[PDB]
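In this view, the complex is presented without one of its protein chains, the others remaining in place.
The chains carry the letters A and B, assigned in the order they are written, with residues numbered from 1 in each.
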């Protein structure tokens, strides 16, 4: 259970980092995004 | 503790999926968003 939760949490960290990059690109208009 | 963490992690998955949909809509301009 705990190890599986560690994996789901890391997966969420990956998804959140991607969202952060995409949101910063939209907020700042980077490269015309 | 562990079961409560499982619930919080699932709640985060729900919030992250919603954010992903909203961000993709903004990035692609779907339906004028």
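Criterion: a residue touches a chain if its C-beta (ideal position, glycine included) is under 8 Å from a C-beta of that chain, and two chains touch if they have at least 3 such contacts.
Hidden from this view is one chain, which touches subunit B at 1-2, 5, 8-9, 12, 15-16, 19, 22-23, 26, 33. By the touch definition given at the top, subunit A reaches the unshown chain through residues 2, 5-6, 9, 12-13, 16, 19-20, 23, 26-27.
Going forward, only the chains that are shown with their structure count from here on.
Subunit A and subunit B have Cα centroids separated by 10 Å.
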